[PDB]
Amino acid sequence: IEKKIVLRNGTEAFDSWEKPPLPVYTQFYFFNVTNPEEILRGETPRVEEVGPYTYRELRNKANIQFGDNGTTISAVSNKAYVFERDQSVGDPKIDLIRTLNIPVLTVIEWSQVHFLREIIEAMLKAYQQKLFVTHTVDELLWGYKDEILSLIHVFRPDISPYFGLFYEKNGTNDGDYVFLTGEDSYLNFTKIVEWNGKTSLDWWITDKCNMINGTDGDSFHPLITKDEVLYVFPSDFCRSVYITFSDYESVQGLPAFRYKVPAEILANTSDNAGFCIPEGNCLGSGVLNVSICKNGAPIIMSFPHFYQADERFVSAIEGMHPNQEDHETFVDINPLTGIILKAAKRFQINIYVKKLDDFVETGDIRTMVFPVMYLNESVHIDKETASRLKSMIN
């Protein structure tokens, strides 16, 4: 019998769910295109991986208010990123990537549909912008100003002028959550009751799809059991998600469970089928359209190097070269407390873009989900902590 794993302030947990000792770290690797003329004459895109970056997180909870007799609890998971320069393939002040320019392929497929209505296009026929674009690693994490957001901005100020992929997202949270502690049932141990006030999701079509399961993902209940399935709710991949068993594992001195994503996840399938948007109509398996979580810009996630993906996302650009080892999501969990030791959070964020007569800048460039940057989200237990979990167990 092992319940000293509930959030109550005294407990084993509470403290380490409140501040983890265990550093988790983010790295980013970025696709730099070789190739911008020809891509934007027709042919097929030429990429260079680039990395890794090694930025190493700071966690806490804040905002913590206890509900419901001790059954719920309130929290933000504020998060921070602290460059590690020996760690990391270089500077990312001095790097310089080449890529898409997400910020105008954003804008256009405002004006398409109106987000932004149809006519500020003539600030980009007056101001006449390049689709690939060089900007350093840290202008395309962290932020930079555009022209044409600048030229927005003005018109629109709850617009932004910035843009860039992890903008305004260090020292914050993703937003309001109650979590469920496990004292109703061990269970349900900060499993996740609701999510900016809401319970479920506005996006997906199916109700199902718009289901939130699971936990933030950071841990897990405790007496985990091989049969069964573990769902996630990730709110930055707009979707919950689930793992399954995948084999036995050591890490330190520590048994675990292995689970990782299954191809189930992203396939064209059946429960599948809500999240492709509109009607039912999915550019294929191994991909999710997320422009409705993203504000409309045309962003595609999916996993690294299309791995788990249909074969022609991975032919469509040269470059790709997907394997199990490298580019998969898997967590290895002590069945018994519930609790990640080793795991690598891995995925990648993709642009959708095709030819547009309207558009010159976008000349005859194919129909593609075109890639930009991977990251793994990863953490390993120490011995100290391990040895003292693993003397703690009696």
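Residue numbers count along the first chain shown, from 1. In this text, rigid core is short for the largest set of C-alphas that superpose within 1.5 Å between two forms. What changes on going to the form deposited in another entry:
- Of the residues listed here (85, 114, 130, 198), only one shifts its CA by 2 angstroms or more between these two forms after fitting on the rigid core, and it is 114.
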Given for the second form:
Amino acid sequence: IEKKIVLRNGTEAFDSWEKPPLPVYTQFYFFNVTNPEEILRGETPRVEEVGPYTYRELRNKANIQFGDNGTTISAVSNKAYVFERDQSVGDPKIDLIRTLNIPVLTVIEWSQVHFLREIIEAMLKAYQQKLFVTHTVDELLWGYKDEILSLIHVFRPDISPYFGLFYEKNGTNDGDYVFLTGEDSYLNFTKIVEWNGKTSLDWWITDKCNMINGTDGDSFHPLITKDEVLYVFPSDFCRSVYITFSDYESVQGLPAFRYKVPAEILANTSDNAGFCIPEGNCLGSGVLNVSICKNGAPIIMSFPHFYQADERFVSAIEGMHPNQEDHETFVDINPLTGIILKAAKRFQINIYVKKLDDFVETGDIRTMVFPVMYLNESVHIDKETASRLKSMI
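Having looked at the form deposited in one PDB entry, could you now put up the form deposited in another entry?
So it's only the chain below, everything else dropped.
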């Protein structure tokens, strides 16, 4: 039986789970801001799309421990990025990007006491701080010492002087996980049952929204059916997500079902009401306020170029040209085994920006969801692992 697919010491399923043989890549694309001064005078932003900066991933399950009479398994999943110049537009240690000053907007947000806010402006004034700043791709991705934060750190040692979109993420894991192994039922293969000791999330408004559904998205139960909907808990996206069957496809020499992230996921629906922290008040279709889980930083999640989002989000920023073939999230799963043969996980990091009377640095900036960068975390099965699998398929 395809019951061969269980996380039990000695199975091939286990080994490929513990030491993933498939090479995963992350490609970074940034939006270079061309008119900072004009943006501050209330004009429409104009951005230029820079990328890729291709990094090959290094993945490994650590701290593995079995449980509940072989029903469960606990582990962490370490991810490290190795830069590939040959596959990139340029050197991230040289190439520059003018974008928003996330540390300053992050600090302005954190302040809701007048004294606190008076202190911050004083520092911005004195230090001649700006809303639009230029850094290397490397500094933006991996971290740079910020002047304002360095000074805050002196008074509040809990506050880090460093900032990066992926700061302290090279080598680390996304917390402790306890997975249900396919021993009790195959449908229950790699199903997440706990994340950081909690069986559910606590940062959303409704019981439904806070649910931890599905697998980490790196695998799925065997014997899938064209009609079922598949759930994924992408830790980074801060909520569970489901994917729906699109069509049949052939990867290497193996059959697959093309599963895509449907529009409904981030649409302004009743089932997505609880993803709106201001007492139900929603920003709009195609965007997620990930502020609660991003330690108060004004981060807004979306899909690249605001694909599957409200037209107003696209009109807002000049240089946004969404399309399905370039911005969608798909995954080609071999139906029999549940093994991902080809995939593309694509999402965008945005900042919620607006004119603040207390902060001259904002000027007359339009109230908007500002694009910073998006990525393409992708996978493609190799001829060696594919041939190995054809024996089973």
